[PDB]
Amino acid sequence: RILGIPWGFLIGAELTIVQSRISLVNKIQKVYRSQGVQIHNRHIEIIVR
Amino acid sequence: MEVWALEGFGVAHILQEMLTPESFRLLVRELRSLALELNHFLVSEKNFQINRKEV
Amino acid sequence: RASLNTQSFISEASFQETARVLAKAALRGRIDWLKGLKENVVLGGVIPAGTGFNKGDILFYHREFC
Amino acid sequence: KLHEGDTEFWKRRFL
Amino acid sequence: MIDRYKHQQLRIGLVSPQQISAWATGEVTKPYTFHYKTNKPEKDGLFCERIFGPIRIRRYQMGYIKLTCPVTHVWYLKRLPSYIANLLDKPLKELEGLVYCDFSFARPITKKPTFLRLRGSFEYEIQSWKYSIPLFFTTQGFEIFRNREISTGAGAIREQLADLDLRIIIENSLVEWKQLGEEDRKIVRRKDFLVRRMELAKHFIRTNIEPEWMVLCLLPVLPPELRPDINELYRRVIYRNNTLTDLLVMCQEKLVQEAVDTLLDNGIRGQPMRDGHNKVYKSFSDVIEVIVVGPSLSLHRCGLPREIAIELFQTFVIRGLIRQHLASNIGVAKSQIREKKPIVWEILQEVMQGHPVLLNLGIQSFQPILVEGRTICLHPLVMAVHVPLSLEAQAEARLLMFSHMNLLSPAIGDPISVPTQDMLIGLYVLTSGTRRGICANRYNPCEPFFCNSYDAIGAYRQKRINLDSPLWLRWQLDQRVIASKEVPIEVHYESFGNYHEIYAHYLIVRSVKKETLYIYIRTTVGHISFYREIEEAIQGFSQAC
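Chains as they are written, first to last, in the authors' numbering: chain R, 1178 to 1226; chain U, 990 to 1009, 1038 to 1072; chain W, 1276 to 1331, 1360 to 1369; chain P, 602 to 616; chain L, 1 to 25, 35 to 64, 98 to 225, 234 to 278, 291 to 310, 321 to 361, 383 to 453, 461 to 482, 495 to 558, 578 to 676.
One should not assume that every hint holds.
[Unchecked claim] Ranges of calculated distance between the beta carbons of each label pair, as one might list FRET restraints: (1) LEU327(L) to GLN1196(R): 58 to 64 angstroms; (2) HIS604(P) to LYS252(L): 48 to 54 angstroms; (3) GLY1319(W) to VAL1060(U): 15 to 21 angstroms; (4) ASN518(L) to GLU605(P): 54 to 60 angstroms.
Just so you know, these hints were derived from the structure itself, not from any lab.
Beta carbons: idealized from backbone N, C-alpha and C, even for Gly.
All chains, please: the whole structure from these sequences, using the hints.
Structural data, given as structure tokens:
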């Protein structure tokens, strides 16, 4: 309702996807770090991609 | 899981030895029983000619 | 769901719901270009990774008579 | 008024 | 650089009846499996030698069954959402009765002249169509155009599929889709139906797949070697199909169609077919869907018993015997292995050297050595054994899978082979130093000096000091002792210029006249032993390499 053609969908998708990736990685790493399991964010970011 | 470990090491020729094809030739015949054909084609990078592998 | 929406019907058919995957692909003549790893494992070839990545008389009888 | 294709207008509203 | 291009593809597609025949030529026409008296494969049966080969080609040679009546493929009719129903834009309920119920479809085709105003599905039978019309046109002349006004069975569906104008489907779906757009759970559902239908039509146009191939006219037959359940299903289809051609009815067509559905994909109609022993038949869709520790071993080595090693390396032992002329040929080389001739074990040691094996970081590569006994000996930081054959596989095992280039785990980069359990307590006891304070002296206090570490260790071997008894060590290196960063406890300053700085763990002697700097460390032989072990390990490896 704010932006026009290929800007409403383009920018809206970027905001949703960036927000989703940040929360997905945090949620996954919250489980393993509470159990003392150390995994580099590289591996989780590959799955979340 | 053993296949995954070999793939993680990148030992492609060891994996090929431990797998060997009869597993795939038999798969084609069972798919043929369902009126499906599974053809394997090789496209030459030199002259672009398509070769149907004998499966 | 991401594993059933890949570029290889062979990987999808060997993961889950084989009959549904093969019925849809066969009706449209789907082509698998065998870029992934499990695709080539099924075919028994060399996987495109690791060591498989990137395809692995003159002057004779013309001497001086002397 | 329609503004389809006017990138400068949408850049101003993005800011 | 230029990539080494490799273009390989495989595709699946629906198969024409012509391709089915080309596979076999080869028609199986009898429901017989094997003769009772001769125990031979019955002629023209499921195991006929003229169709499938003499009793290796029986693993790959196909046959086919010539159906008297076409049958729909159960994948494209019943698996929801139906492909045939979506392409024909008819509900599966009104289309399933054309296959399994006593219905008939009027005007199946549109590319040939017709003269009756019938249309749609008729659950009953047309009364005049039974007597008046066949009599008026005569039976012989009626059969020519009969299957153009109203048809029945799966054959009627195939005529509809074959006569479809796929380009008309796309335009009709698009205009109907937009009409709904200009105008709640049905409109959205109908829009999704139209998009699927036009997507389906487009794929047929740009491929070589014909939509009428979804109705089977011929039935390919699995090679006999792959069916040494399926055989009974094949006999059932042949039996009813031979019965139907003897009659030439609609009830018999349903039996043929249902039997093919059971063969292709059971469990799609409801209660599946079951045999006499209350077992559900499996269709093709179901078909497609000791170690002993050795602490003295190196990290990269393992021990194999003679009984296991000789079997794993038998091919190399045979070649070694022939190469060195201890055996004349293959046959003689086997007898010496059989008879445990002692020369076999000398050869086995030779061929095993430099040949790694895979043991199943669950799978690793080790250099095997022959050991006494009957058990496999593994080092304490670690059943299938694989011997790489090709030089490519042997290179990968030695250079990629050995237990010394994989010292770090990929998860976070931690070391893998950290000492544990009895190894760890030994280091802990070794490096647990001297008792201190009230644990060292009964009363409030209001030790040997060693010139070098070898004298201190030598005094320990002669039982002159204990492992944790404190001592002073003359130190002739830099100050590299990990200790609390603290100022001296006490400084003793002589009036002639020399002063002693007493720290918690070392003493430093300095002067204001000379440049001397002498260091004495208060330690134990346990700390000395641990330092020496690592230092001599580094020095030993450097000298050997």
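Do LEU327(L) and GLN1196(R) keep their Cβ atoms within the hinted range of 58 to 64 angstroms? With Cβ atoms ~60 angstroms apart, the hint holds.
Looking only at beta-carbon atoms, does the pair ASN518(L), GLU605(P) fall within the given range of 54 to 60 angstroms? Since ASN518(L) and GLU605(P) have Cβ atoms about 58 angstroms apart, the given range 54 to 60 angstroms holds.
48 to 54 angstroms as the expected CB spacing between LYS252(L) and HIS604(P), which holds or is violated: violated (35 angstroms)
Determine whether the Cβ-Cβ distance between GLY1319(W) and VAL1060(U) falls within the hinted range of 15 to 21 angstroms. Distance hint for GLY1319(W), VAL1060(U) holds at roughly 19 angstroms.
When held up to the earlier numbered hints, the structure conflicts with hint 2 and nothing else.
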